[PDB]
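Now for the letters of each chain:
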Amino acid sequence: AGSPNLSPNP
Amino acid sequence: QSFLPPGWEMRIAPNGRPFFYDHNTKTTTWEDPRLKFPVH
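Protein chains in written order, with the UniProt record's numbering: chain A, 202 to 211; chain B, 496 to 535.
It is possible that part of the hints are untrue.
Across the chosen pairs, the derived CB separations fall in these ranges [claimed, not checked]:
1. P533/B with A202/A: 27 to 35 angstroms
2. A202/A with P501/B: 13 to 21 angstroms
3. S204/A with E526/B: 23 to 31 angstroms
4. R529/B with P209/A: 28 to 36 angstroms
5. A202/A with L499/B: 16 to 24 angstroms
Listing some non-contacts, in silico: residues in chain B with all C-beta distances to chain A over 10 angstroms [said to hold, decoys possible]:
6. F498
7. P501
8. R506
9. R512
10. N519
11. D527
12. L530
These are computed hints drawn from the structure, not numbers from a lab. Heads up, the beta-carbon is just placed ideally off N, CA and C, and yes, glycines get one too.
If we strip away everything but chain A, and leave its shape as in the complex, we get:
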């Protein structure tokens, strides 16, 4: 969904 699943890649 439009929920935050995009993991920040460091």
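Given the coordinates of chain A, assemble chain B onto it according to the supplied hints.
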């Protein structure tokens, strides 16, 4: 929410990632967002 400021969506991801993500800055962070609370 109860933990968490009015920026936020607490999603613990099927990989093991609870991203506390702010919707006014659109930032996905694992850092304590409640830190920003003074925003109010």
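For each hint, the structure was consulted:
1. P533/B with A202/A: 27 to 35 angstroms: Taking Cβ atoms as reference, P533/B and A202/A lie about 30 angstroms apart, which means the hint holds.
2. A202/A with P501/B: 13 to 21 angstroms: holds, 19 angstroms
3. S204/A with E526/B: 23 to 31 angstroms: Distance hint for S204/A, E526/B is violated at roughly 19 angstroms.
4. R529/B with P209/A: 28 to 36 angstroms: violated, 18 angstroms
5. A202/A with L499/B: 16 to 24 angstroms: Holds: the Cβ-Cβ distance is about 18 angstroms, inside 16 to 24 angstroms.
6. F498: Answer for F498/B: holds, closest chain A Cβ roughly 15 angstroms.
7. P501: For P501/B, whose nearest Cβ neighbour in chain A is about 15 angstroms away, the distance exceeds 10 angstroms, so it holds.
8. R506: violated, 5 angstroms
9. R512: Nearest chain A Cβ is 5 angstroms from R512/B, so the label is violated.
10. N519: holds, 13 angstroms
11. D527: holds, 15 angstroms
12. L530: The assertion about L530/B holds, with a minimum of 16 angstroms to chain A.
Hints 3, 4, 8 and 9 from the earlier list are contradicted by this structure; the remaining hints agree with it.
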